Structures are given as structure tokens and as C-alpha cells.
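Before any questions on binding or motion, here is one chain by itself as C-alpha cells, the form deposited in one PDB entry.
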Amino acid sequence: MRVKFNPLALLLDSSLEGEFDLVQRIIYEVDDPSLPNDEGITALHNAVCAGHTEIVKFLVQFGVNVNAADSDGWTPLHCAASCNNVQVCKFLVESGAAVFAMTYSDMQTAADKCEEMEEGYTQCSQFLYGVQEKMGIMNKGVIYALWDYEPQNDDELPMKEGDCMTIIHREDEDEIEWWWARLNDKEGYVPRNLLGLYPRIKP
């Protein structure tokens, strides 16, 4: 009979501490690797904040919730941005990060979290603001729904998570936060803060 710690507690700590070998083992003993602690912090949060890039990838390739928000609404992208870590920021965006996800107390996106006085600020903020600018224009305007959405108005498209759509018209028709998109044979407004440049990886 030996001492062992709760596997979820092991996933959080090993992801924070950089013990990639343990992360690979203990993750198959946790029920939901996306489950947070008592403050909304997940294993992916810890890996991103501590800069353990290989763990960030592994968790994201594993299918964890790339957009899990804490009590303040901080997503992993918010964390990467506050570290001015453009490389992780790009990998998260390519993995389904909600670009326009906003925090609760201040209504700020990840781009707004880049740290003015720390190194890497220019490249990281210009990447994220640049993605906010060209989202729905670059890549032939192709965009992906990161959540389900039943419409609340008649001119709103129903979205299933993973839906691939084209932004026909954005930010220029009396709607700064809703974009006119095409989904298959239908057109309608979609809410920008549930959209990604790329879709999530499926768990």
C-alpha cells in the first residue's frame, strides 16, 4: 500500500511543472482531462502559463477543451497572450482557439492581454490583432464554429460545433460583433466570439 495523489491533481501539477512523462501516463487515469480545479484552471492552462510547449501540444492533440475559461473568463489563449508567447498563440489559434473570446471583469480578448513592457510584445500582439483583423477575410474567408448555437433571431444561422462556413460580409452592416456568413445553402448572421480560424481537435 503506497501513497498516491488524486490523478486530476497529478495532471494539473505535472502540466504546471513540466513533467511530460507523467502527463502522458496520468491522463489515461483522469475521467475528464478538461476538468478544472476550484478556480477554473485546467491542465492546459498550467502548461500554457508555464511555457511547456510539448505538453501544450500533447494536451491539445489529446482533445482537451482548448477554450476552457476560468472564473475570470481566461482561456488558454488569454494565458499565452499574457506571456507574449506568439508561437503558442499561433498553435492554439490553429487548434480552434476562440480568437474573440473575452474575459468577464474587463471584456478583453487575448490580444488585449499582451504585456506592454515585456519582451515579445510586438510580435505577439501584432499576430493576435492581425488575426482579429483578417479573420473572415484571409483563407478565402473560411471560418469554423467552436460551439453549438440555436438562433435567437430569424436572420441567424444555426451552428453545430465544427461547422465550416464562409464569411460573406463582416463588420460593415451595422453589426460589429455579428458577421454575415454562408453555411452550405443558407446565409445569416453568426456571433464572432464563437468562431475560430480553424476547428477544434476532436477528443
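Positions refer to the first chain, counted from 1. For clarity, a rigid core is taken as the largest C-alpha set superposing within 1.5 Å between two forms. First, how it differs from the form deposited in another entry.
Of the residues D72, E118, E94, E133, just one CA atom moves 2 angstroms or more between the two forms under rigid-core superposition; it belongs to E118.
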The other form holds:
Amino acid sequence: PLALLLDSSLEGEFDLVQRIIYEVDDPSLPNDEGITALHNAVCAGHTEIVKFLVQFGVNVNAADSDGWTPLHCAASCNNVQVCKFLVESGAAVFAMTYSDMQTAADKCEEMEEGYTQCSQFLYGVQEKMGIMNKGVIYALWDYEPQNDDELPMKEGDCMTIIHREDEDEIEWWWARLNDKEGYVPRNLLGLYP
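Show the other one: the form deposited in another entry, since we just had the form deposited in one PDB entry.
Since only the chain itself is given, any partners or molecules it might have are not part of what comes next.
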């Protein structure tokens, strides 16, 4: 039962979470508001559960009603350690909320709260991604080109950004995938490192 996973995660019943996750080893937790088990864990701050679920293969980029993903939830909590873990495991750094349209980095510190400095980490990635890791990057989603100069992506592809920048598109990275090259939306990428 999904409700079991949601609340044990929220409540921090790690033994329980571990028991029922197999009794729907297809969690697919969404809840009527869009909050999943991974949202609850990140929110209540249960690193071990956060670790377990992600490790289990829970989608790191689940978005709720207002577009909040677990990274948005980690950053609002100024949790750099959880942020470093999620990114490490596939967080969509550029996923934005739908209303104020902001990224996780922008969510850091409710207001003065529990010392930000988390922002720097996230802001670092948004700025070093595609260039660090020797320009390597990974596709968190598939991508069907609209325009001819766009690289076709697929769930999880490794590629090297042949630089990016302002000149032509801020939202679009110029990458080399396999042996081909083209435009890729930075919104579906992650370091995946």
C-alpha cells in the first residue's frame, strides 16, 4: 500500500519503509497533490530513507502540484549534503516551479533560515555543468528535435557539451553525442556524477 510508504517516509519508519517497498516494488508514488515518498523523506529530513529510496531507483525528479521536485525540497531546507547526493544520482538542476518558475538553487533558505551557503553548491553546478567533468553530461530525459540543428536524445545518454553560452541560446547547450553534434535543452540534463 502506497500510503504506507508515504507516511513511514514522512514519519521516518525506515524498517517499515523497507518492508512495504517490496509490496509494490513499483512504488510510482504520486499522491493527489504530487508529493511522493522521496518528497516526504527529503522534507522530513531522513537522509537514510532518501538514500534507500533513490538507491531503490525512485525517480529523483518527481514534481508535485507546483513543480517542486525533491531537489527543490532539499535546497529550501538548505541541505547541501542531500543536494550533493541527489545531483550525484540524477537531479534535474534546472527543473523549475510552475508559478514563480524557479530552480532548486533559487529555493535555498526560506528567508535568513538555517544558513544558506547551499545556494553556492547549486549555483556552482548550474554554472559549471557541461564544462566540468571534462564537459561530460547526461540526458535525464529523451528529446525529439523540432529544429534540424538539435541532437536527438534518449533517457540517459552521455555526451560532451561542445561549449554553450549566450550567443545563441542560454537555454540550449551545444553538445556532441557519440559522433554527432547539435543543440540540447539544458533543462533535461544533469552531471549525473
